[PDB]
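Below you will find the structure I want to go over with you.
Heads up, one of the protein chains got dropped from this complex, but the rest are sitting where they should.
Chain IDs A and B follow the sequence of writing; residue 1 opens each chain.
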Amino acid sequence: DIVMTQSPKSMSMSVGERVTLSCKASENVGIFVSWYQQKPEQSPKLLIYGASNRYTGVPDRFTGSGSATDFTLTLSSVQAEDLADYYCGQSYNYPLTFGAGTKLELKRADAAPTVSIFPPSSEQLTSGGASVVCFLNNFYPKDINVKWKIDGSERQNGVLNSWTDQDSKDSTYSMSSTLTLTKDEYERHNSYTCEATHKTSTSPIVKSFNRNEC
Amino acid sequence: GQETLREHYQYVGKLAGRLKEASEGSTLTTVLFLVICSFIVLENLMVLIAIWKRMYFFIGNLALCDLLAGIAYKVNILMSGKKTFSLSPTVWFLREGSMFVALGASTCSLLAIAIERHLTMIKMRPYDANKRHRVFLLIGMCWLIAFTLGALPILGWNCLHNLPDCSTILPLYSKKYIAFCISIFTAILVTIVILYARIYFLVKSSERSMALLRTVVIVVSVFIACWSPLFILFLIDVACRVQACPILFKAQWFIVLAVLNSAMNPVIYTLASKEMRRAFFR
Partner (left out) sequence: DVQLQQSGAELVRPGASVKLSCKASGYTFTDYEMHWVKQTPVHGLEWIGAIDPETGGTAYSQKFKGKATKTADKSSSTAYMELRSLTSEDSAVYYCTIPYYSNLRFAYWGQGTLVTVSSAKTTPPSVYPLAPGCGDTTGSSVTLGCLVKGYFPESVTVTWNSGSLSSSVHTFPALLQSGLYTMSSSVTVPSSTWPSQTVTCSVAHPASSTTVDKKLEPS
């Protein structure tokens, strides 16, 4: 089909700044490119159709531009209700192809995560399961990478990772990583480690436990 | 050249999508306007056969303009709607530019009648040999300006490969060309209403002086009642961005109100001597 390549993927903004979103096309699309806005569990809502034609109810801070291949959408002053996801789509040939997304986010100062590790419960070990839980909460920015090390060896299969969005007060993120093993494999090794990498620390933030001593 | 018309009619909003087949029809209004064209061709053909005996050439030129306007709109309905996607864009410029040369010469001739009743009045200037050099240069300029303005898009000035300049009423025309046609139509309109008020201001001189001329200069100013609602809509077209003002989709009603002016011109301008009243005595 016709690939549309939308950049940036996400950009952290504070209120009043200028932003410009790019959307390039694999082919000549003409001026048929649209721009949409999406909020959580809501329909995409059209901002700009055409080259730069504002839909009814779209304010003057939204500005479109572009022809054939290169297309831009600018915000001259980012306001608080503009914090959403944005897409571009081509509409020049069926099938309609859209971009990947641009998430406008709230910018704050950096915050190191507060990491906590938890053994399997006694009741879950009676049923043959064994879950290891690591909580990473209140951190900024969202760029975090979490490894699970069992006797020094990384493991990625059996992992559930949950996330919160920006907090209603801190405007931070939180993450819940849950490594699930069997009971017979959990009793075989000793050192269990939740290891995290973040902007706030040059060395990785490590919290671990040995299952034998306690 | 079908896909060129498809992309412009998808840009304007009259064709909804790249899969839907067009179906612009009524079969009420598109038989009504034919009987409107069947009256304009019938009225104006009777004017031309009735004249045989300076005199009557300006009325005969105007009734010729309104004749071809009735022929071209009758041609224009039968080549529009669902049929307009069987046409090349070069054929499309001929169908629409045929209505700018006929109605362009019709409005230019109404200015030429305005200069004629003003010229033979209070001052005989020796600047112009007014015998036949004036009646030929007016009608020659009435048709030269009409063909030049009317066929000006097909020679280049269109919105081909420049979609933000496409009008919503005429999907291939230039909005800068419409603004050229708005600015010179009003220049024709403010010229007629100052000359027709000057002719009324210059018959105030030295049974009675009943002066029917105040009562006729108002009735000939049904020309603003017939032609100005279309040029409001052209002013809306150039001003409104695309798909924002949906009054432009009922524009065919504003077209006929300019084309019912071609039906009124045999009524307003042939009240002298009452020819028809004798012409059907039996």
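One rule holds for everything that comes next: a contact is a pair of C-beta atoms (placed from the backbone, for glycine too) under 8 Å apart; a residue touches a chain by one contact, two chains touch by 3 or more.
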Residues from chain B at the interface with the omitted partner, ascending: 10-13, 15-21, 23, 242-243, 246
Touch list for chain A against the chain that is not drawn: 1, 32, 34, 41, 43-46, 49-50, 55, 87, 89, 91, 94-101, 114, 116-124, 127, 129, 131, 133, 135, 137, 160-164, 174, 176, 178, 180, 209, 214
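One rule holds for everything that comes next: only the chains that are shown with their structure count from here on.
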Cα-centroid distance, chain A relative to chain B, in whole angstrom: 62
Footprint of chain B on chain A - complex, ascending: 30-31, 49-51, 53, 56, 93-94
In the complex with chain A, residue positions of chain B that touch it: 7, 18-19, 163-164, 241-244
